[PDB]
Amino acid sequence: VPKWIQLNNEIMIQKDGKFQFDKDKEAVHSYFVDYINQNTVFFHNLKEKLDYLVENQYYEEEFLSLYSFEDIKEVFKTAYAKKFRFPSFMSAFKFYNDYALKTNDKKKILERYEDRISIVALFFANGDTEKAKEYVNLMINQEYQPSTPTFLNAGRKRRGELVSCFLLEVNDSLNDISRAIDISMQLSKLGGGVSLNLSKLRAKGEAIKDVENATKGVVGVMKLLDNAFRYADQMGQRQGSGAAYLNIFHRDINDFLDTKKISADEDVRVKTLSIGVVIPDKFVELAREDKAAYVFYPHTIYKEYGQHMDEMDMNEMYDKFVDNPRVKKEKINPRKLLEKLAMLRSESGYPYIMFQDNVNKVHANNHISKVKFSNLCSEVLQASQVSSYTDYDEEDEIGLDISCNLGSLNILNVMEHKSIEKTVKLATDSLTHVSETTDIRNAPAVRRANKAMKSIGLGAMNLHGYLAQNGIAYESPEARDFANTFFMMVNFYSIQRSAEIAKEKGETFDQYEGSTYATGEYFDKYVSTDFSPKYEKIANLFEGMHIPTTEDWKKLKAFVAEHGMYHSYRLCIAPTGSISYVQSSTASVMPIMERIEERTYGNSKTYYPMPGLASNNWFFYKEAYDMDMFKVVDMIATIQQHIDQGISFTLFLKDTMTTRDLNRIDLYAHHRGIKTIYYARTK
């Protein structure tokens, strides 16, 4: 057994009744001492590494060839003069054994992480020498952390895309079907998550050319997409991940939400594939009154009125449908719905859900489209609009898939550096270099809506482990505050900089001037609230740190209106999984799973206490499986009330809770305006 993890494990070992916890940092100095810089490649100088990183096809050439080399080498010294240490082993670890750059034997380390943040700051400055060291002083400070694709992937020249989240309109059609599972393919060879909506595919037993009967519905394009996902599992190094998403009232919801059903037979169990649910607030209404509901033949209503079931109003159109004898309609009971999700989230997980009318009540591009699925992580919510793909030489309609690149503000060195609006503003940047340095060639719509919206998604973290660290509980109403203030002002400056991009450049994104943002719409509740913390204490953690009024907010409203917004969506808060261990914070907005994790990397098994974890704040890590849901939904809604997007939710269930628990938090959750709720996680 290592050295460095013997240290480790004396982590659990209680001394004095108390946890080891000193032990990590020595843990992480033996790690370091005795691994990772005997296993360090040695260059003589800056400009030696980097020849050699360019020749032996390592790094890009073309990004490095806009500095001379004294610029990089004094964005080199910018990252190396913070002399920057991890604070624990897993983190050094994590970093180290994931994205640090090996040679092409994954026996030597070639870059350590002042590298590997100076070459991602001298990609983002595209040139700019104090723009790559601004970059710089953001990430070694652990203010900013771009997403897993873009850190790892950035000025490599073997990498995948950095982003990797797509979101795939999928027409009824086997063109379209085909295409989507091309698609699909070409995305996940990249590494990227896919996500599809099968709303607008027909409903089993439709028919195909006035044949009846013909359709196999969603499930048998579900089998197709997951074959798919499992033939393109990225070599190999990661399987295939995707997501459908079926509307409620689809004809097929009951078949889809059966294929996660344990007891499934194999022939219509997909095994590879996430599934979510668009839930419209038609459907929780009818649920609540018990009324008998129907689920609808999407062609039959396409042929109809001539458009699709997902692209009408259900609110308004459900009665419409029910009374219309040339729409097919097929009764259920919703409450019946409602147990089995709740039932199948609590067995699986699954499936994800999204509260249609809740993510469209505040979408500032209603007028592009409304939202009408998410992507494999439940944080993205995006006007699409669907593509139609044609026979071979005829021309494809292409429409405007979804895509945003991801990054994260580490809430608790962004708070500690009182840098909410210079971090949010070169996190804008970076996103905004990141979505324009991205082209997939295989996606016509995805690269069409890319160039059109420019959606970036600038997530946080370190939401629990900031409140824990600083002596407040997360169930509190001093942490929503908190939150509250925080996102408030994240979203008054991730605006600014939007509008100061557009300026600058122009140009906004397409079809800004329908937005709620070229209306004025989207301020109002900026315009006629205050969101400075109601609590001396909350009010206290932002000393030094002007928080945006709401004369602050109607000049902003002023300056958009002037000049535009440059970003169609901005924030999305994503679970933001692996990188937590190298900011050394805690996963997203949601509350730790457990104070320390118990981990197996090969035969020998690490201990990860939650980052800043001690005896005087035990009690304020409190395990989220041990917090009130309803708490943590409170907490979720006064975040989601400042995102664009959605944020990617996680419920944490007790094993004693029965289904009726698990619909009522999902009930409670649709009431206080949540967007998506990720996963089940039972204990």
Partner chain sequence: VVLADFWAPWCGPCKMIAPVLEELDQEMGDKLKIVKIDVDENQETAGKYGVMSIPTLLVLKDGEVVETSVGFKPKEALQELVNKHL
Contents of the next structure:
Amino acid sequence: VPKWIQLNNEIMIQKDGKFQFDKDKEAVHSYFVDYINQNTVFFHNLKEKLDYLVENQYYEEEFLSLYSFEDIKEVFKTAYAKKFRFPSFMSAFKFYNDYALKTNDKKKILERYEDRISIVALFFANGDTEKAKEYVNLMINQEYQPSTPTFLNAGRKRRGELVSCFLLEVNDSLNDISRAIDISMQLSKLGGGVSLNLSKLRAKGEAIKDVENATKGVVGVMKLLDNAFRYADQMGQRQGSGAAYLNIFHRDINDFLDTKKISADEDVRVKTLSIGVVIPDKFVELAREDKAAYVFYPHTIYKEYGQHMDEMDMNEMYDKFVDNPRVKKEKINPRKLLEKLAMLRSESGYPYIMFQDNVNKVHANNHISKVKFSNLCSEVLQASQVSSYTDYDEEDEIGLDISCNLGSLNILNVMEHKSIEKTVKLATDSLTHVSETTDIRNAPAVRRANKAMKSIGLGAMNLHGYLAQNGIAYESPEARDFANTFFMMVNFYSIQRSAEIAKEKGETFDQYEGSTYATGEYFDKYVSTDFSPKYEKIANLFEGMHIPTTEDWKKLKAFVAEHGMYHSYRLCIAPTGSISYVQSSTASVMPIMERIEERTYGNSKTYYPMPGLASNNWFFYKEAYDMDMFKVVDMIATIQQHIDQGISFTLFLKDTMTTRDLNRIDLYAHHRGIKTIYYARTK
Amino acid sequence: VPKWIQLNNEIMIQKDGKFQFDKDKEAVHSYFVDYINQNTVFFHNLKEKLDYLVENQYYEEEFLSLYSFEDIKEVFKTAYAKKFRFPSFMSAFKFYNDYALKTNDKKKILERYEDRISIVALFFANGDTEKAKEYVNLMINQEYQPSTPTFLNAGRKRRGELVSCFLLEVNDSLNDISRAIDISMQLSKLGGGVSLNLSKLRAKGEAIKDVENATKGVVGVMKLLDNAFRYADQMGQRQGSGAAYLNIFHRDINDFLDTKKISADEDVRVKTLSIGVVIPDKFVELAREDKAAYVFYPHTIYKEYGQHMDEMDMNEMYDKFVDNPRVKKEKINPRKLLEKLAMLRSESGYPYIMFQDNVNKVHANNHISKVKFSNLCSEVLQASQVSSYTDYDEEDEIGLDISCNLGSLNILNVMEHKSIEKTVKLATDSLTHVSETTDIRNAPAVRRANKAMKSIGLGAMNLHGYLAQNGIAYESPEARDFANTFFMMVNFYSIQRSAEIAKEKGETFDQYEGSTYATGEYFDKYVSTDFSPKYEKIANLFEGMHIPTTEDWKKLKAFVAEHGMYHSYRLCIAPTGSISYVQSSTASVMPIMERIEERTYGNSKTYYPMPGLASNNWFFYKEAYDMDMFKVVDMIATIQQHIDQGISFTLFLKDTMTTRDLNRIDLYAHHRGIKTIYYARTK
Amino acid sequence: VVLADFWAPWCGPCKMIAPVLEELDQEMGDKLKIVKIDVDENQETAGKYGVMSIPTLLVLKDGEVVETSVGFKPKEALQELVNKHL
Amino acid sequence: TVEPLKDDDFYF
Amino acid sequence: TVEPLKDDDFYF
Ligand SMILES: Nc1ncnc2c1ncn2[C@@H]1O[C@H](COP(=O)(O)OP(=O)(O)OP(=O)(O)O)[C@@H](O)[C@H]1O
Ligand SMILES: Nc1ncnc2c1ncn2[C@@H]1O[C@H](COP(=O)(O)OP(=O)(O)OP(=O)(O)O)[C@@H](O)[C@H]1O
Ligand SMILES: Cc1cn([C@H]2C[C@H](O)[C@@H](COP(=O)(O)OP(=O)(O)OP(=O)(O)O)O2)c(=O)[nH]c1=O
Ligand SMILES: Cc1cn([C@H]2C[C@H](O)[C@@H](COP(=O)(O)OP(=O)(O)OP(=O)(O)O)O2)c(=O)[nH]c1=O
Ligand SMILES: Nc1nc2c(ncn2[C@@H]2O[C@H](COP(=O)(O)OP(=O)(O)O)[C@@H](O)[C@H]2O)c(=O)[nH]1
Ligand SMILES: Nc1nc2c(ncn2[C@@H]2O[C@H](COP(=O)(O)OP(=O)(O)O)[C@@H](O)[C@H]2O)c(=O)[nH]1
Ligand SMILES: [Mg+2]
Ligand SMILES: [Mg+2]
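Now that the form solved without its partner chain has been shown, please provide the structure of the form deposited with its partner chain bound.
Below is the entire complex, every chain and molecule, led by the chain shown above.
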């Protein structure tokens, strides 16, 4: 056994009845001294290191050319001026195993943490030395964590894309299905997760050009996409993860859900396609009233009305569909379908429950399009337009396919530095740079939406860690008050930075004038309701920080009206399950699953105590499974009101609770305004 | 049971020790009178029928608009003037169940045989009344049979494509593979079978952009193609059938064959993808000397030499690849691979064996490209150029992809009418019309090659039927002499018609000047050897028909040199399956599998004696499995020397014959000049 | 002498110890005080005494912790644990 | 453990 | 069976 792992194994060896949490610092020190420093190749000067990395196809020479060598040297010096020390063994292990640059034989370490951060900062700044040092201070203080694709691939030559996720709209044609498969494989080659909207695909047993009952439904497309993602699985570094989203009023909803059944045969079962279900408020209304519901055939609706089923308002068009003899449909029981959803989530964690009306009631870009589906992590809720891919030698009608550039704020480090404004603005600038430098030639709609929408995702993490390290229970009303205030400030400063970028560049995102930002409807609840903390304990956390008041929100609304908004979407909270270790932070705004995570890497187990876990805050780090899921829903709904996109809300359930408890949690989430539900984890 | 089916079952009820073959005609009479004449829609005149069929979107209007109604009525009168009667119940059953046009509810029958033939003739003639009447005489005499797609879909609005095959070259790129999937689906929805050359795809463990061991091989592409063909299942009425071809020197050849093993797991096994193996003469030489062979990684060869593995003569470049340290390979046993091929064909009938050097030794268009792969029926052998499908909004390099314009000569009816020349020329004209009118927009390479090469396939069927009905054993040397003379006549008149079309249109096929037709190398064996029958009995069969001589072949060679040749390829012998029943013919040039076919239809057992079967010619109709496969190879090679493309050669094996016997048959076929081997049918 | 029970509403073993403490109060409640503290609502005390598992039973004498028992215990074992300090 | 929705679960 | 090839099956 390695010395560092053995020292990390001493965490659970309790002396005097208490955990040896001080052994983790010893574990990280042993890890560094005995493995990392020994296996890190050192150069006589930074010039030799940069020359070696550029010449050996490790770094792009383009992004380093905008800086003189003295500027890069001083950026590195101010990265090492922090003298950053990893607080836990798992942080350093995860970084130097997943993100640190290694030689072509994967035998020596080429990048320290301060070198990865310096390279990412130099990529972000794009020729600005002061901005590069600002980014270095932002990341070395661990206030902001760029997404795993961005952190891992910024400034590298052997890279995919910096975009963590892609959302594709699949139109109802063979050309569009084949192009969707092609784009899914292309984007999985780039390393990003792909989510596809199958609600426009016509149902099973529909007509193909006067040939009736010829379609295989959306399930054949799921099989095609599943094999496409298996084929384009990033060569085996990480299995190709794709997502399929279907409206609950699609006829194939039961066939769509049956793909995740264990009893399902291999001819209908998908394995790499995560499934998500889009639930309009009409379905919840029908289930509540116990009326028999109808799932519809999308092609009949398209022929009758000229618009796809997911393009129309379900709450308004449901009765018209039901009363239309030309719209084919089949009768279902909405409550039985809800119970099937609950049992599927209990047995497999699928599907991703998306409440469409909860998304579109506060969606700022409904004029562009309603949010018809989410991403693979059920947190990217953006307007998208379907692309009509025509025959060869025929010009395609390119729509908007969502590309999400993700970034995470470390709530603990942001709050301890009293730097919400600066961190949010710098993160917005970095995400804008990532969106701008990202081009994808093989996905016309993703590229078009990246250029036009300029949507970014600024998430947050270490919420539970910050609350527990401050003596705040995650389910307590004080925790919800802090989340309300912190995320209101985050939204305020993200909007302010977006408006400042729009002013500086003189351009807003496409179709901004029709959005609620331009009309001021977005700021109504902000100019009407004050989001300052209601508890003196919570208000003391924001000491030394200017909490945006109602007058400040009015000023921001006027500023946005005058100058516009550069980003259509700014905030989206991703799970961030991998980079959380490096930043010594709890994953997302979710409560912690385990106080001390047990992980096996090789033939040795590696325990990871939660960030800041100790004896005095043991019960503040309450495990998510022991918590009331209604309180977690309340917390996420408090956060969600300040996030324009979704939140990766994972449901942590006990084995004692039934499918009715899962349905109750789902309906409470729908009632409280939760936009999406990610997973149903059972203990 | 129905009266006609009951009468058909009296074929096997033996009286006086003889089968009641005369009961079959009674079966046709009963079938017609009791089912067909009752359930065929009859109109007051042909005008009302034509108006009903065009108006109800059963027929296309464009092809009927080229004729006045007087011309159409005269054509239909010509079809019905013959008073064609089906001589077996199975012929009428096949036509009126598969090829006869039925109403949208399938309750009634809209087309008779004389109606489908008239419509096909009117389509072929393209405004010419005399040509339409000639086509009507050709088809109602059953001298020539258009392929199943052409016969079925000619002049019908609810159709697919008249093209039977699609041979696609797949380049070594993700964009090219995605386009291969797209084109495969777009051509499977058209009905025709699709064959793909996967020898250019790099093997498993190859590099994708300088990262090693990244590819999953051609097996992943076969998975994608198999699921693409399953998705494009043509309503499920006929399952999506696709072929994949791989050079035997491709590294993935073992994994390529492993997918057809019954013991193969579902994680590697492909079901709807037929497989073929392309064997150059070099592999046979390596197996003969029992020396270790090498399977090469295609991308290493492409990097080293700038050319694909299958674009280079392996008989010349095998040693260069072996002694090249920059070319990756692994030692294999060629005899073990041959035994694996033999046992795979014994177990499942796969793969199709394509002897590349046998194809390219007499391939006329080697300048355009060498024949790297065959079709799904393993009988089309044409030059193909790969298409470099580039990223979106980048211009693609379009190559050449092969297509089947198929038609079959009924040797019995062709030689009874003493009209080899007229039948061959009219069939060539019809196939030229089919090729010209084919315009496939979603397959760029297929469309480009159809426009450029203008290749057609003119096969022959009822060889065994003609031989047995004329007292000639299939294995007898007289049968081979007759096949030699007949197919030399067919080749002579096909070349003559191609040259006449080139003269009348003023254009040849693209890159004709480099072909052996222009250089005169093709006609060497025809101007040096006399193919007149060597048997008096065989020579009497051709009495009344001018057998081309050496001087006639010299005149044809001069005519081709002066005027060119319109078709790159003209002759290819398809398996001629379900349409062989309608023509009352044996399938292809293959010997009959069984003297009386036992077929199950619904709850009834139907019997189909081969045409002309009786007591006098019972032993002339020897079953294929009882024949010596070496003499069948001799027969096909005698036919093969007059067919520029390949022949769908099915091996009929007994249960007692081992894998060594199958390998001996394969090696004798290779030694005798057989180009392709289709199936290994074990009884 | 005080028997302090650190418990939570979600803790299965803590529900099993509740009736055992009620019987113990009936038999010994003249010499023993029983105190219950919910660790979900009172994290500071649970942290002060280093409680990381529940049920945790502390025997206190005149404000000092004299014995600590973790997990479920039957009545007779709790009586033996307390009787050492009476 | 399948437990049917019994109403009053849609109201909170 | 699975009878292997010999040197005499490659000449005819
Ligand atoms: N906990 C840690 N986190 C990060 N890096 C570490 C850690 N412990 C050691 N290292 C690495 O190993 C090197 C040697 O460790 P050490 O703490 O002895 O160095 P140092 O520079 O002398 O320390 P100090 O910060 O006390 O001046 C460090 O410079 C650093 O690169
Ligand atoms: N053996 C058969 N093969 C094909 N069609 C047949 C056959 N027997 C009958 N039919 C069809 O059924 C119709 C009526 O059958 P039937 O034999 O009674 O005709 P018919 O009027 O006596 O003959 P013909 O028109 O030659 O004088 C025919 O016109 C033909 O269309
Ligand atoms: C993307 C991808 C490619 N491949 C294989 C199949 C293709 O034939 C082959 C070529 O892919 P390409 O699309 O050509 O990838 P590339 O151009 O980046 O690689 P290179 O520059 O080295 O040519 O890679 C896989 O097997 N799996 C995959 O996920
Ligand atoms: C060709 C084909 C289509 N489909 C389904 C999937 C697509 O969403 C849907 C659209 O097919 P289309 O390609 O749009 O069919 P079409 O354009 O020729 O005719 P029409 O527009 O009238 O439908 O058909 C199958 O399920 N299987 C198939 O093999
Ligand atoms: N010398 C050296 N410095 C590195 C390397 N990688 C990153 N650095 C950092 O980049 C900065 C370069 O400064 P440096 O050239 O050493 O300045 P000097 O101390 O005056 O020689 C230092 O602060 C290092 O922490 C390396 O391989 N060699
Ligand atoms: N009347 C009629 N003729 C048909 C039909 N289908 C094919 N035909 C053929 O088309 C030709 C035209 O026949 P018809 O219009 O009746 O000629 P008419 O006898 O002069 O009135 C005939 O030879 C028929 O055999 C049909 O449904 N009705
Ligand atoms: Mg369509
Ligand atoms: Mg390439």
